[PDB]
Amino acid sequence: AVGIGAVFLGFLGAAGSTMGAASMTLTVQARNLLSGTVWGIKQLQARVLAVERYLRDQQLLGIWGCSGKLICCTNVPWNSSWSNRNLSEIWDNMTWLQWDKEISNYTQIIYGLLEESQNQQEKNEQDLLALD
Amino acid sequence: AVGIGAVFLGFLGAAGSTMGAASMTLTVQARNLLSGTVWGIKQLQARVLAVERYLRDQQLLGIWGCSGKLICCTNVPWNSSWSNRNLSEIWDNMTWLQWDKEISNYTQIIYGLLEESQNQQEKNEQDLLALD
Amino acid sequence: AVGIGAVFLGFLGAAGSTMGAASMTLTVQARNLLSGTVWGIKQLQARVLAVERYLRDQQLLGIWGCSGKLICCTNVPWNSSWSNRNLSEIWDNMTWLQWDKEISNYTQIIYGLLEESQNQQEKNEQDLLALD
Amino acid sequence: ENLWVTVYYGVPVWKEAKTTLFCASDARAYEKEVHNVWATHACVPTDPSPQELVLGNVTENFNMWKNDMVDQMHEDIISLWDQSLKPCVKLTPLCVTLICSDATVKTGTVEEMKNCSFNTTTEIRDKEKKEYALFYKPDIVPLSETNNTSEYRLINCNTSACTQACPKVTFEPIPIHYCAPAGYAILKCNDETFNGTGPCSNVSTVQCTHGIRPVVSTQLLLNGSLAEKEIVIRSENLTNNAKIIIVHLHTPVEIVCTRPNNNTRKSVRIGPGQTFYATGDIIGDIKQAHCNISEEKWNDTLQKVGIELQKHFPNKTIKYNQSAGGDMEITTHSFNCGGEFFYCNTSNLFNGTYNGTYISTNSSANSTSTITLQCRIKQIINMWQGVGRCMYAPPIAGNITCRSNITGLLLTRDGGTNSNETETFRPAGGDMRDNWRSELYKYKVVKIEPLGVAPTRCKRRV
Amino acid sequence: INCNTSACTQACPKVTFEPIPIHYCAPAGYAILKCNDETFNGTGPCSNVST
Amino acid sequence: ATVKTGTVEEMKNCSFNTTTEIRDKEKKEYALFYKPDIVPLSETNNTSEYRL
Ligand SMILES: *[C@@H]1O[C@H](CO)[C@@H](O[C@@H]2O[C@H](CO)[C@@H](O[C@@H]3O[C@H](CO[C@H]4O[C@H](CO)[C@@H](O)[C@H](O)[C@@H]4O)[C@@H](O)[C@H](O[C@H]4O[C@H](CO)[C@@H](O)[C@H](O)[C@@H]4O[C@H]4O[C@H](CO)[C@@H](O)[C@H](O)[C@@H]4O)[C@@H]3O)[C@H](O)[C@H]2NC(C)=O)[C@H](O)[C@H]1NC(C)=O
Ligand SMILES: *[C@@H]1O[C@H](CO)[C@@H](O[C@@H]2O[C@H](CO)[C@@H](O[C@@H]3O[C@H](CO)[C@@H](O)[C@H](O)[C@@H]3O)[C@H](O)[C@H]2NC(C)=O)[C@H](O)[C@H]1NC(C)=O
Ligand SMILES: *[C@@H]1O[C@H](CO)[C@@H](O[C@@H]2O[C@H](CO)[C@@H](O[C@@H]3O[C@H](CO)[C@@H](O)[C@H](O)[C@@H]3O)[C@H](O)[C@H]2NC(C)=O)[C@H](O)[C@H]1NC(C)=O
Ligand SMILES: *[C@@H]1O[C@H](CO)[C@@H](O[C@@H]2O[C@H](CO)[C@@H](O[C@@H]3O[C@H](CO)[C@@H](O)[C@H](O)[C@@H]3O)[C@H](O)[C@H]2NC(C)=O)[C@H](O)[C@H]1NC(C)=O
Ligand SMILES: *[C@@H]1O[C@H](CO)[C@@H](O[C@@H]2O[C@H](CO)[C@@H](O[C@@H]3O[C@H](CO)[C@@H](O)[C@H](O)[C@@H]3O)[C@H](O)[C@H]2NC(C)=O)[C@H](O)[C@H]1NC(C)=O
Ligand SMILES: *[C@@H]1O[C@H](CO)[C@@H](O)[C@H](O)[C@H]1NC(C)=O
Ligand SMILES: *[C@@H]1O[C@H](CO)[C@@H](O)[C@H](O)[C@H]1NC(C)=O
Ligand SMILES: *[C@@H]1O[C@H](CO)[C@@H](O)[C@H](O)[C@H]1NC(C)=O
Ligand SMILES: *[C@@H]1O[C@H](CO)[C@@H](O)[C@H](O)[C@H]1NC(C)=O
Ligand SMILES: *[C@@H]1O[C@H](CO)[C@@H](O)[C@H](O)[C@H]1NC(C)=O
Ligand SMILES: *[C@@H]1O[C@H](CO)[C@@H](O)[C@H](O)[C@H]1NC(C)=O
Ligand SMILES: *[C@@H]1O[C@H](CO)[C@@H](O)[C@H](O)[C@H]1NC(C)=O
Ligand SMILES: *[C@@H]1O[C@H](CO)[C@@H](O)[C@H](O)[C@H]1NC(C)=O
Ligand SMILES: *[C@@H]1O[C@H](CO)[C@@H](O)[C@H](O)[C@H]1NC(C)=O
Ligand SMILES: *[C@@H]1O[C@H](CO)[C@@H](O)[C@H](O)[C@H]1NC(C)=O
Ligand SMILES: *[C@H]1O[C@H](CO)[C@@H](O)[C@H](O)[C@H]1NC(C)=O
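Those sequence lines, one after another, are chains 1, D, H, A, I and E. Here the first sequence stands for residues 512 to 547, 569 to 664, where the numbers follow the entry's author numbering. Here the second sequence stands for residues 512 to 547, 569 to 664, where the numbers follow the entry's author numbering. Here the third sequence stands for residues 512 to 547, 569 to 664, where the numbers follow the entry's author numbering. Here the fourth sequence stands for residues 32 to 139, 148 to 309, 312 to 321, 321A, 322 to 358, 360 to 398, 400 to 409, 411 to 505, where the numbers follow the entry's author numbering. The fifth sequence begins at 194 in the entry's author numbering and counts up by one. Here the sixth sequence stands for residues 134 to 139, 148 to 193, where the numbers follow the entry's author numbering.
Excised from the complex, chain 1 in its bound form:
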C-alpha cells in the first residue's frame, strides 16, 4: 500500500504480517541497511560503524554456510527443548518479532552447531576432493 518499498526500503513493515510473509520479501531489507567541523567525526563514526556491523554479519553467514542465498539450510536438527510449537503455528501465526522474544534463548548454541556442521562438511569435501 506501502508495498515492499515502504516495508523494507523503510523498515520493519512486515513485522506484523507473520513470518510466513517474510519468505517472499526478505531482500530489500538487507540492501537498505548498507546505505550512505567536529561533526565530521560524528558522521564518520556513524558511517564506519554501520559498515562494521554489516560486514560482521556477513562474516558469520559465510562461516556457517550456505550463505549467499540469504536463506539457508544448515543440516542441523532441532533440539526437542526448542520444539514446543508446531510449524504451522510458527509460520502462519507468529511474527519474527514474537518468535524472537522466546527463541532468543540458546542463541550461541545454534551458532556453535551451525559452525560445526560446516566444519565437518568441509573436511568431508576435502577428503572427497583428495579421493577424486
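The hints are simulated quantities; they were obtained by calculation from the structure and are not laboratory data. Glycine included, every Cβ here is placed at the ideal spot set by N, Cα and C. Each hint should be verified, as a subset may be incorrect.
[As the list claims (entries may be wrong)] Below 25 Å or equal to it, Euclidean Cα-Cα: the simulated BS3-like pairs (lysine-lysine) are:
| # | chain 1 | residue 1 | chain 2 | residue 2 |
| --- | --- | --- | --- | --- |
| 1 | A | 153 | E | 166 |
| 2 | A | 502 | H | 655 |
| 3 | A | 46 | A | 490 |
| 4 | A | 117 | A | 207 |
| 5 | A | 421 | A | 121 |
| 6 | A | 502 | H | 601 |
[To be verified] Just a few of them, taken from the derived set where beta-carbon distance is under 10 Å, the chain H residues facing chain A:
| # | residue |
| --- | --- |
| 7 | 522 |
| 8 | 525 |
| 9 | 529 |
| 10 | 607 |
| 11 | 629 |
[What the hints assert, rightly or not] Now the stretches of chain 1 that chain I is said to cover, found in silico as 3 or more residues with beta-carbon under 8 Å:
| # | region |
| --- | --- |
| 12 | 522-532 |
| 13 | 537-547 |
Since the structure of chain 1 is provided, determine the placement of chains D, H, A, I and E with the ligands on it from the hints.
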C-alpha cells in the same frame, strides 16, 4: 603495451577495445577500485565512501545472483524494445562506453527483473529442499 | 586449554601446533580480525584501515575462486621448483609460520596462476552455458 | 601423485607491526569527576582478561631498544598533557615589577620565603590593587639591570608566557592497559634472564598490555613492577659508556617523603573570571623537606646490585659517585608527591662503594637507623623540558606525606685508564623514554597475516 | 555586571538567530517509530505505530 | 632618511615605546620602515606623528 596492468590497475584502458575484449579481462578493474589536522576528515571521508560504494555494489550482485563469478546469467529474457541490434554488433563493434549511452534507459527495469527471477528461484529451491 | 577461543578469538595459538592442525580450526581467526577530540581521527583511521584490509583480502579470494569455503582447490599444479619437501613433512612437521618463511618467494607467481585458472574456467563455463 | 595447490584463509602467522595502540583505561578511575582527571577523561574504559596462550613450541625475537611503541607513549603524553591545560590560567599579567623582602633570614630554610608585593589589575581594568604573594627561591629573579635592590622579576618574563594549572584537574598516574587494534596482537616474554633482546622461549599472547602507570621522574623510578626472581641489569650496550643501565630490582625498598610546614593558601582575582593561587604564608614553623630510607635495606641493595653487575664487570670493585653537576633537573631526584614538585639531593645516597667481594653480611638489630635526603621544592617548572609549555604549580595546603614501594634504577658508568680495578657508577636520567621502556619491553606488537598456500594433491571437479 | 564574573562576548553581528526545524533522520541500521495515538499519557502501549 | 634621491627618502626612521619583558617597564626603540605601512596619523597636521 600497457597490458592489463595499465588497462585495469589503471583505468578504463579497454574502453576503446570494444566490449567483446572485456570477456577476457574484467577482473583487475574490480580489485583496484577497493584500494587504500582537519585533512584527517577529508581523508577518512574519502576512504569511507569508497568502501560504502564498493559494498553497496556487492550487495546488489548478491541479491540478483549468481554472483561470485562477476559474469552471471540471470535467466531473464530481453524485452524486444531493447533488441534493436544484433549480438555481433553489440559485442564486436560497440564499446561499453557506447552501449551505456543508450542502454542507460530502463536500468531499474532490469534490476527489478533480476531481483525477481532470483526470488522465484529461491522459493523453488526451498520447495525442492522440502520435498527432498 | 586455551581451546579455539584463546587460539583464534585470541591470535596465533595454533602457530606452534603444525599446519595439519589448522585443517580443523581456521574459522574463528577470520571473524575476529573484523572486530570493532583529535583521537577521533586516530580511532576512525584504525577502524577504516581494518575494514579496508579485510575487504581487499576478500576481493582476492573472490577473484581466484572458490572462494566462500575458506579452503579451496584452484586446479593449478605445483612447479617442481617448489616441491623440495614431502607432503607429510609439510603437513605434519611444519608450521604455517615456518612454511611461510621459505614459500614466501614466488608469491605473485601463485597469485597470477590462480587468477588465470579462474579466468579460463569462466570462459569455459560461458561457452557451455551458450551451448546449453 | 601430482600435487595441486590450495589456498588457506585464516592461517596463524604474523609479521612485525608498525601501528598504534589505545586506551584501555582502567574503568575504575571513571566516575562523574573523571572530567577532572588527567588522562582519564579523554580515554575509553575497558576491562579485558589475560590470555591463555602460550603458543607452545613457538619462540620469538624481542628487542627493547627498538620497540617504537615507546615513542608513541612519549608523544601522546606530551600532547595529552599539553591539551588538557589549554582552557585556563594564563599568567602573563604576573610579569610586572615585583617588590620583595627576606623572611627573618637566619636559618637558610626560612630565608627563602620572600614576601613579594605587586600591583595587579582588578575586576575593573582601570582600578589597580596592591597585593602580596609568598614565593620562594628560583622563580623570583633579581631584576635585570638593577643593583642588589628590592626589585625582582618573574623567571619566565624573558622566556615565553606560562600557565598555572586548571585547579580542578587531578594529576595522578592511572595504568593504561593498552590494547591492540583489530588485525593486530601483542606478544610478551615470560622469560627471566632476558638481556632486553633475543629469542624468548615461552612467549604469551597479549590482547591488552598490563597497564602501566606513567610517571614523571628521574634516577630512582617509583610505583613500578618488580623483577620476578632476581635483579635484572639491562643495557643496550654494556661496553658503551654513553648508555644508561636499567635495573629492575627483585625486592621493594620503601621511601617516605614529606613537607612538614603547614601552608595556607590564598587566591587573587586577576581581571575577569580567572583567579590565581599562591601561598598566603607558611603557617607553622619552617622545617626541612626530606625522604626517609632505611639504611639497612639500601646497603643490602647496593651490594646485591654490585654482585649482579660484577658479572659483566668481573674482578673489579663497584663504586658509586654523585652526579656530574648541573641544574637540579639534571642532578636531583624528582617527585610529584601530593602534586608538589620536589627536587631531592641524592648524596649521600650513592656515596658508598663496597669491595668486589660484595659479601652479603648483615645482622639482626633493634636499629631503626635511616638515611635522609633533604629536598628543594619549586613553583615553576619546564614540564619534560617543555619550556614552551612552562607552568606554575598550584600551591597545596597542610602537610604532605608520601610512600611507597620502589625502585627501578637509572645508572651510568665512569672510570678512566687510571683505574680498571674498579668502575664508577653515577645517577643518571632525564629521558622519559627510559622510564617507560623499563616496563614496556615485555611486549611486542605484531600483525596477523591470514591467507597462505600449501600443496594438498586434492583437486576440484568442474 | 560581568567584571566580577567571567568575560563576555556580544554576538557575531552577522548571525541570524531564528528557529529552523530540523527533521532529524536515523543512521543506517536504525529506524524511528512514532505514536499516532491520542489519549497517550506520555508512556505506554501505543496501538497504531507509524514508522 | 636624508631626503634627496626619492629612493633614499623612503627609509623613515620610526621611533616608538614598546612593552618590555616586564609589563610595567617600557623601552624607547626604533625600527626602519618605508613608504605605505607608515601612514600620517589621522587628524594630525603634517607632524612627525604616524600610525601603522
Ligand atoms: C627521617 O629520618 C630522620 C633521621 O635521619 C628522622 O629524624 C628524626 O626524627 C625523630 C622523630 O622521633 C627524632 O626523634 C626525637 O629525637 C629527640 C632527640 O633526643 C635524642 O637526643 C637526646 C639528647 O640530645 C637523647 O637523650 C635522646 O635519647 C635521643 O638520643 C628525642 O628527644 C625525641 O623523643 C622525645 O621527645 C618526644 C617529643 O619531642 C617525646 O614524645 C618522647 O617521649 C621523648 O621524650 C624524651 O625527651 C623529653 C624532652 O622533653 C623528655 O621529657 C621525656 O621524658 C623523654 O626523655 C625523639 O626521639 C630524631 O631525633 C630525628 N633525628 C634527627 C637527628 O633528625 C625524621 O623523623 C625522619 N622523617 C620521617 C619520619 O619521615
Ligand atoms: C608582606 O608584606 C605585606 C605588606 O605589603 C604585609 O601585610 C601587612 O602586614 C602588616 C602587619 O600585619 C599590616 O599592618 C597592620 O595593619 C592593620 C590594618 O590592616 C593594623 O590594624 C595593624 O595595627 C597593622 O598596622 C599591614 O596592614 C599589611 N598590609 C596589607 C594589608 O597588605 C604582610 O603581612 C607581609 N607578609 C609576610 C608573611 O611577610
Ligand atoms: C605512588 O604510590 C603510592 C601508594 O599508592 C601513592 O601514595 C598515594 O598518594 C596519593 C596522593 O595523590 C594519596 O591520595 C591522597 O589521599 C589524601 C587523603 O589521605 C587526599 O587528601 C589527597 O588529596 C589524595 O587523594 C594516596 O592515599 C596514597 N596512597 C597511600 C596508600 O599512601 C603515591 O601518591 C604514588 N606516587 C608517588 C609520587 O609516590
Ligand atoms: C661518604 O661516606 C664517608 C664515610 O661515612 C664520609 O666520610 C666520613 O664522614 C664522616 C662525617 O663527616 C666523618 O666523621 C666526622 O669526622 C670529622 C672530622 O674528624 C669529625 O669532626 C666529626 O665529628 C665526625 O667524626 C668521617 O671522619 C669521614 N671519614 C670516614 C672514613 O668515615 C664521607 O664524607 C661521605 N661523603 C659524602 C658524599 O657525604
Ligand atoms: C633613528 O633614531 C635613533 C634615535 O631615536 C638613532 O639612534 C641614535 O643614534 C645617535 C647617533 O648614532 C646616537 O647618539 C650617539 O649615542 C652614543 C651613545 O649611545 C654616543 O656615544 C654618541 O656620541 C652619540 O651621542 C643615539 O644614542 C642613538 N639613540 C638610540 C640608542 O636609540 C638611530 O641611529 C636613527 N637611525 C637611523 C638609521 O636614522
Ligand atoms: C493482523 O493479523 C490478522 C490475522 O492473522 C491478519 O488477517 C491481518 O492481515 C494482520 N494485519 C497486518 C497488516 O499485519
Ligand atoms: C579501434 O577500432 C579498430 C576497428 O575496430 C580496431 O582495429 C583498433 O584496434 C581499435 N583501437 C583501439 C586500441 O581501441
Ligand atoms: C611441539 O611439537 C611436538 C612434536 O611435534 C608436539 O608433540 C607438541 O605437542 C608441540 N607443542 C605445541 C603445543 O605446539
Ligand atoms: C602600585 O601603585 C601605587 C599607587 O599608585 C604606587 O605607589 C606603587 O609604586 C605601584 N607599585 C608598582 C610596583 O607598580
Ligand atoms: C633569562 O635570564 C636568565 C638570567 O640571566 C638567563 O640565564 C636566561 O638565558 C634568560 N633567557 C632568555 C631567553 O633571555
Ligand atoms: C612461562 O614459564 C613460566 C615458568 O614459571 C610458567 O609459570 C608460565 O606459565 C609460562 N607461560 C605463561 C603462560 O606464563
Ligand atoms: C646481550 O646484550 C648485548 C648488548 O649488551 C647484545 O649484543 C647481545 O646480543 C645480547 N644477547 C646475548 C646473547 O647476551
Ligand atoms: C667522584 O669523582 C670525583 C672526581 O671526578 C672525586 O673527586 C670524588 O671524590 C668522587 N666521589 C666519590 C668518592 O664518590
Ligand atoms: C648536594 O649535597 C652535597 C652534600 O651536602 C653538596 O655538597 C652539594 O652541593 C649538594 N648539591 C646541590 C644540588 O645543592
Ligand atoms: C558580583 O557582584 C554581585 C553583587 O554583589 C554579586 O551578587 C555576585 O555574586 C558577584 N559575583 C562574584 C562571583 O563575585
Ligand atoms: C655497605 O656498602 C657500602 C658500599 O656501597 C659500604 O661503604 C658500607 O661499609 C657497607 N656497609 C655494610 C652494611 O656492610
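Results for each hint:
1. Between the alpha carbons of residue 153 (chain A) and residue 166 (chain E) the distance comes to roughly 22 Å, so the proposed pair stays at or under 25 Å and holds.
2. With a C-alpha separation of about 20 Å, the suggested pairing of residue 502 (chain A) with residue 655 (chain H) holds against the 25 Å cut-off.
3. For the suggested pair residue 46 (chain A) and residue 490 (chain A), the alpha carbons sit about 5 Å apart, so the restraint of at most 25 Å is met.
4. For the hint pairing residue 117 (chain A) with residue 207 (chain A), the CA-to-CA distance comes to about 13 Å; that is within 25 Å, so the pair holds.
5. A distance of roughly 19 Å separates the Cα atoms of residue 421 (chain A) and residue 121 (chain A); the hinted pair therefore holds under the 25 Å criterion.
6. Distance restraint check for residue 502 (chain A) and residue 601 (chain H): the Cα-Cα separation of roughly 14 Å lies within the 25 Å cut-off, and the hinted pair is therefore satisfied.
7. Hint status for residue 522 (chain H) relative to chain A: holds, with the closest Cβ pair at about 4 Å, below 10 Å.
8. Look at residue 525 (chain H): its Cβ gets to within about 5 Å of chain A, closer than 10 Å, so that hint holds up.
9. Proximity of residue 529 (chain H) to chain A holds as hinted, the smallest CB-CB distance being about 9 Å (cut-off 10 Å).
10. At its closest, the beta carbon of residue 607 (chain H) sits 5 Å from a beta carbon of chain A; the interface hint therefore holds under the 10 Å criterion.
11. Satisfaction of the interface hint for residue 629 (chain H) is found here, the shortest Cβ-Cβ separation to chain A being roughly 5 Å, below the 10 Å cut-off.
12. Given a C-beta distance limit of less than 8 Å, the hint that chain I covers the region 522-532 of chain 1 holds, as 3 residues qualify and 3 suffice.
13. Against chain I, the region 537-547 of chain 1 contributes 5 residues with a C-beta closer than 8 Å to a partner C-beta. That satisfies the three-residue criterion, and the hint holds.
Violated hints are absent here; each numbered hint is respected by the structure.
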